[PDB]
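Student: In case you want the letters, here they are:
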Amino acid sequence: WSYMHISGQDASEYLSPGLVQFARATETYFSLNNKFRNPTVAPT
Amino acid sequence: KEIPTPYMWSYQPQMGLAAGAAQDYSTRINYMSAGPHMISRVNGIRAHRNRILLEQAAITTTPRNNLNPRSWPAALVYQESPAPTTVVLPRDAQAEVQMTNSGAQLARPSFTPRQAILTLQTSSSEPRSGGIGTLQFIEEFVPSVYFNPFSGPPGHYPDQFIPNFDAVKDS
Amino acid sequence: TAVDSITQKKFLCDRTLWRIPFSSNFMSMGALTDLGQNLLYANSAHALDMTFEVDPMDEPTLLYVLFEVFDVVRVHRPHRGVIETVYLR
Amino acid sequence: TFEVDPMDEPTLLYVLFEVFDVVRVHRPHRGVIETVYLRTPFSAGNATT
Amino acid sequence: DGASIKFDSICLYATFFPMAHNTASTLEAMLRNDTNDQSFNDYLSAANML
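Residue numbers (PDB author numbering), protein chains in the order written: chain Z, 10 to 53; chain H, 3 to 109, 159 to 222; chain E, 854 to 942; chain B, 904 to 952; chain U, 604 to 653.
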């Protein structure tokens, strides 16, 4: 029931794996992890 | 008729009975339609959630009959634990009459051993009545949706839905 | 010099904000806490009638109260010209 | 509004609202007191102290 | 005007029930119940304002 990366998982899993490689293939030129949301969760 | 919010029951604790259902807004997403490529998503993600809250409503509780009853018996709402633990006494009931008044003052028992115990039940004397006691509120009235607002004027509408409402009379 | 009195002990906080988590233990481990948006704490409706009992107010002051809600935006660009709008409270 | 008789000296209008005070003494151990006090037209937070 | 109250010999007192342990230990364990407990109210069932 939660779509906008709030109960979804870490960036690398749900997202398109086309440029997930390029997230850390492009080293210091594009060191980007604030560009996309990183949702972290806790047990219930 | 097409886009309503899932209704959420408002609560009063010591009474036990919920006041009435209301719509959600302080987390409700933007309805400024993003475009033809996301309008089906904002109406689609919500649509499966409408069936999430619909399916569990029949599972968590038996379907609605009396929508808000104060005079409430216990069946799904749980009556507290019925188990007693009974222990013996260091001194006996009948092995004490021989001594103190006669001369010998008293201050398993290492005088004359006996085994006698009686167990009685711990349960609530008669069954649970009135509103919800401790914590059974979510299991009694799960947030449920009326997807066609007031469709049917004079016969019946969402009745016990109003917080300014009692079971005896409308208004 | 034989002069006797008691200490006047207190504290002076200024440049900080008072933060409270929402978990069972109450600890800010990530964005979602143990009782923050659990299952009961997501579906049911509730109220807030909480007091703000305070110290000397020599001048009229606005007690600025924040609430830790959620405002996450996904900037969609599937098209060469249009930003798709999604804003949540 | 308390439009009352004008008096000579400063007086405290000490109003009492009839609000029930119940303390249930749950004693599931011999010599252990675990209690909660609550009122009905009164929430245990918002008050003058 | 020159006068004061001080304190010298302080004591607590407790007049228990001289019961037979047979009935004393049984019903203290029956008051040890989760449901059978104690509740005390007041004639002044009232809040206060200042």
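Just so you know, not all the hints are guaranteed correct.
[Stated by the list, open to error] Calculated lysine to any residue pairs in the SDA-like style (CA-CA distance at most 20 Å, straight line):
| id | chain 1 | residue 1 | chain 2 | residue 2 |
| --- | --- | --- | --- | --- |
| 1 | H | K3 | H | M17 |
| 2 | Z | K44 | E | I873 |
| 3 | H | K3 | H | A21 |
| 4 | Z | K44 | E | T854 |
| 5 | Z | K44 | E | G883 |
| 6 | H | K220 | H | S73 |
| 7 | Z | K44 | E | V928 |
| 8 | Z | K44 | E | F905 |
[As the list claims (entries may be wrong)] Here are the simulated distance ranges between beta carbons:
| id | chain 1 | residue 1 | chain 2 | residue 2 | range |
| --- | --- | --- | --- | --- | --- |
| 9 | H | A218 | U | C614 | 18 to 24 Å |
| 10 | B | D924 | H | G206 | 30 to 36 Å |
| 11 | E | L888 | H | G203 | 38 to 44 Å |
| 12 | B | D911 | E | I873 | 45 to 51 Å |
Calculated directly from the structure, the hints in this document are not laboratory data. The C-beta atom is built at its ideal place from N, Cα and C for all residues, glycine as well.
Student: Work down the list of hints and note, for each, if the structure agrees.
Tutor: Quick rundown of the hints versus the structure:
Proximity of H:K3 to H:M17 is assessed by CA-CA distance (about 34 Å); at most 20 Å being required, the pair is judged violated. At roughly 28 Å between alpha-carbon atoms, Z:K44 and E:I873 are farther apart than 20 Å, so this suggested pair is violated. Between H:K3 and H:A21 the alpha-carbon distance is near 24 Å, which puts this suggested pair outside the 20 Å criterion. Between the alpha carbons of Z:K44 and E:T854 the distance comes to roughly 67 Å, so the proposed pair goes past 20 Å and is violated.
A C-alpha spacing of about 18 Å is found between Z:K44 and E:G883, which places the hinted pair at or below 20 Å, so the restraint holds. Distance check on the hinted pair: H:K220 and H:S73 sit about 15 Å apart at the alpha-carbon level, within 20 Å; holds. Between Z:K44 and E:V928, the direct Cα distance comes to roughly 10 Å. Compliance with the 20 Å bound is thereby established for this hinted pair. Of the pairs offered as hints, the one joining Z:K44 and E:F905 is violated, with about 39 Å between alpha carbons and a cut-off of 20 Å exceeded.
At about 58 Å, the CB distance of H:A218 to U:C614 disagrees with the hint of 18 to 24 Å. Against the hinted window of 30 to 36 Å, the Cβ-Cβ separation of B:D924 and H:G206 comes to about 47 Å, which falls outside the hint. Checked against the given bound of 38 to 44 Å, the beta carbons of E:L888 and H:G203, roughly 40 Å apart, stay inside it. For B:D911 and E:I873, the Cβ-Cβ distance of about 50 Å falls inside the hinted range of 45 to 51 Å, so the restraint holds.
Checked against the numbered hints above, the structure violates hints 1, 2, 3, 4, 8, 9 and 10; every other hint is satisfied.
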